[PDB]
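2 protein chains.
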Amino acid sequence: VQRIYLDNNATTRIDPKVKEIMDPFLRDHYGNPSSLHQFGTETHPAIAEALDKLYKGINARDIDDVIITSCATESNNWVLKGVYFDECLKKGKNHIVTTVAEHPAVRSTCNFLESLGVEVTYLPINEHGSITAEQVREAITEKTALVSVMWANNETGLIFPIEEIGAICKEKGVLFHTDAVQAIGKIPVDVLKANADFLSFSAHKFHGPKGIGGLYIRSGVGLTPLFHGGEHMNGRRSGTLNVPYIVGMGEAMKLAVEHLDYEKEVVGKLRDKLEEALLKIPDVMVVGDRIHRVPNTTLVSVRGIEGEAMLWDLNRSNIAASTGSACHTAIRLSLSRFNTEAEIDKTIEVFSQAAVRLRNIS
Amino acid sequence: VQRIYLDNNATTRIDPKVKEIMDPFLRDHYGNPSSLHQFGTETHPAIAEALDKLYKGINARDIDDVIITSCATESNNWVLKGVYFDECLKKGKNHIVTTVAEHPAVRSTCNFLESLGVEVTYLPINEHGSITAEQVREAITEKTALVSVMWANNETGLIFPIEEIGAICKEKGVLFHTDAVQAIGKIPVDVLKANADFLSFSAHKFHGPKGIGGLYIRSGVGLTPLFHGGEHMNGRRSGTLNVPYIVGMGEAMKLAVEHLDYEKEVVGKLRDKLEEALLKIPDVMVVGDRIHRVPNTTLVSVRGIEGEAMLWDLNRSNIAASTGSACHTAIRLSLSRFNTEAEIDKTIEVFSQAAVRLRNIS
Ligand SMILES: [Cl-]
Ligand SMILES: [Cl-]
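Chains as they are written, first to last, in the entry's author numbering: chain A, 2 to 328, 350 to 384; chain A', 2 to 328, 350 to 384. A prime marks a further copy of an entry chain.
Hints are computed from structural coordinates only; laboratory data are not their basis. Careful: at least some of the hints might be erroneous.
Just so you know, same-sequence chains aren't split out, so a pair can sit in one copy or run between any two.
With a straight-line Cα cutoff of 25 Å, these simulated SDA-like cross-link-like pairs (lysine to any residue) come out [unchecked claim]:
1. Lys368 - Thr42
2. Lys20 - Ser35
3. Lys91 - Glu277
4. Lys255 - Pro125
5. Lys281 - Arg304
6. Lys274 - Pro34
7. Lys255 - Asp24
8. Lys18 - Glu139
9. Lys91 - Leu271
10. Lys368 - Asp29
11. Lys92 - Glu115
12. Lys20 - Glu43
13. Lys368 - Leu37
14. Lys368 - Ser36
15. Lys270 - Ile48
16. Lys92 - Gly118
17. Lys281 - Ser384
18. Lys281 - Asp65
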């Protein structure tokens, strides 16, 4: 059997290099980095290297923090809850502005916040499949504590106008947070250019392990711990370091950065090829703008014949993809560095055949 | 070189079996358990097995939850913050009772809570090195939302009277939480007998990886998510599952349970041997009760000559141990299934020599 994996915005294969780098931390270097003795100390250099890699990946400065978390969900929670504590309860700034596009980790948190009496305004998506970059301005009520926009959408692949929201944030004096989970390894990420106070990411979206993430926190910006215990991560996030995962994550980030051109030029090309092939079939059209999208994602909708059925069919032939809400759900196909032209060709063939079968059934 | 590791209450070696069990989830079974297709589904059985193992380990019922977290720190935070939301803000029960012995993950959280206007009373430790099991009763003000006692102390090894605090909790109608981090693999743990509503644990204390933990939550007991997103873990704790770690943790728990007799009979014996050897030296005495202690831990204090220096000396000879506050810090030596009689003998010799050297210096 040969399976084809097209669900990369859902999770990704760990890179063999990442695995290799992690291995000795599962085996002999198992000491607690907080310990004083040779085990803990032994862990330091590797950890430092990992951190450096992470920093380079998002163009963070020495003065900034990139705090290791257990996942981007965690990061999101920390950002929102932290801002509620600091800026909402204690400074009366009882408004947050986000988008409707945001990952449930944000949206759900926001809902919870609202249930405590926070006002949250969720910017409606337009026909272009974006936020105007101005709706924010139109909604910064000064009582706004935080603005939170995802860098790229997980369903559509669509890139939002970060950088221009950063300006609208700097001008307005409001805290800016970008969940960047689906940006890493896909497009350049620059926290400086973004004027982000907070950035989220998760390793498993760029060939690291599940179960680890980052929150970038800008110098001098404060955020009340979500994990109190104050022993690790400069007091900001307590809990014994996940050494293996840290190392792996660092490596993954490095690899992601290295493959940016490749992602653009080759993965993107593959995606385009797939998309074009698909569109030469009855009443199947891409959902959203096709220009401001990360290179790896296509979301496509088949006339009548629903998405779930299609997905099931694909699975039956060993091809893995996901749904994406579009308004009938659509079909989300998300490539990686590891797909090949051959695979794409096969997918196209299989997709067409599946469509025809479903068509026949209809 | 041959090093000797006596810092197990700080973190533990991953068991080779655990490593083995995790490996295929780092390699080919890398799909997201939430996905519908063959990758996600493929992950199910293993996950189920892991969960079963976990459940068996703490004598939880089908009706209960054992929620996967990123660490016991996380668990602690979730318990405390959750109870504040549910029971403190919304039901006016603005009191929590804990001990001074508790891990900083609890204590720090409590401090934070207090800073919001929660009243928290921290039970003072006695000369026996325990909580009376009655101080709790004496302090349950009905307005008590939660009682939180660690099952065993990380510094002394001392077991607290859980089960008798459970009764005092059931009788009083108050939520009971036990951080059990240092109990797993050391002594039997039974959430039924404990009448726990909440139990915490962390994998790396029983030969699992760092970066994963559990919170047991009793049937029908509610706790507001610390990670909102409500996609995983029956809505209670969002974030893509750490599949590898989950599997590993399950295995580790199983192994821990299996080795309970061994821990008692053999590890305990080793510890005793060490302790006796040490005590036959000028003005060196064990800190605390020597009867109600987990089998693996001894905390010992050398007249005058401080603990840190001793630790450093030990490290220089390839022997790793930790401090433990005692009142001059004391010396904490914590064995595992992997230490040998030979190693113990060597340690004894080395310890004595080190003492004499320091004595000479004095
Ligand atoms: Cl918080
Ligand atoms: Cl919470």
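Results for each hint:
no.	hint	verdict
1	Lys368 - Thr42	between (51 Å within a copy, 23 Å between copies)
2	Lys20 - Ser35	both (24 Å within a copy, 23 Å between copies)
3	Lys91 - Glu277	neither (53 Å within a copy, 56 Å between copies)
4	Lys255 - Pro125	neither (35 Å within a copy, 50 Å between copies)
5	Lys281 - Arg304	within (13 Å within a copy, 85 Å between copies)
6	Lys274 - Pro34	neither (48 Å within a copy, 29 Å between copies)
7	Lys255 - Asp24	both (18 Å within a copy, 23 Å between copies)
8	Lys18 - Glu139	neither (47 Å within a copy, 58 Å between copies)
9	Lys91 - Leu271	neither (51 Å within a copy, 54 Å between copies)
10	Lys368 - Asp29	between (43 Å within a copy, 21 Å between copies)
11	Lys92 - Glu115	both (17 Å within a copy, 19 Å between copies)
12	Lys20 - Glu43	both (20 Å within a copy, 20 Å between copies)
13	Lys368 - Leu37	between (55 Å within a copy, 21 Å between copies)
14	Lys368 - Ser36	between (53 Å within a copy, 22 Å between copies)
15	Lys270 - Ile48	neither (36 Å within a copy, 37 Å between copies)
16	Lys92 - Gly118	both (14 Å within a copy, 17 Å between copies)
17	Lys281 - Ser384	within (20 Å within a copy, 88 Å between copies)
18	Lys281 - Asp65	neither (49 Å within a copy, 52 Å between copies)
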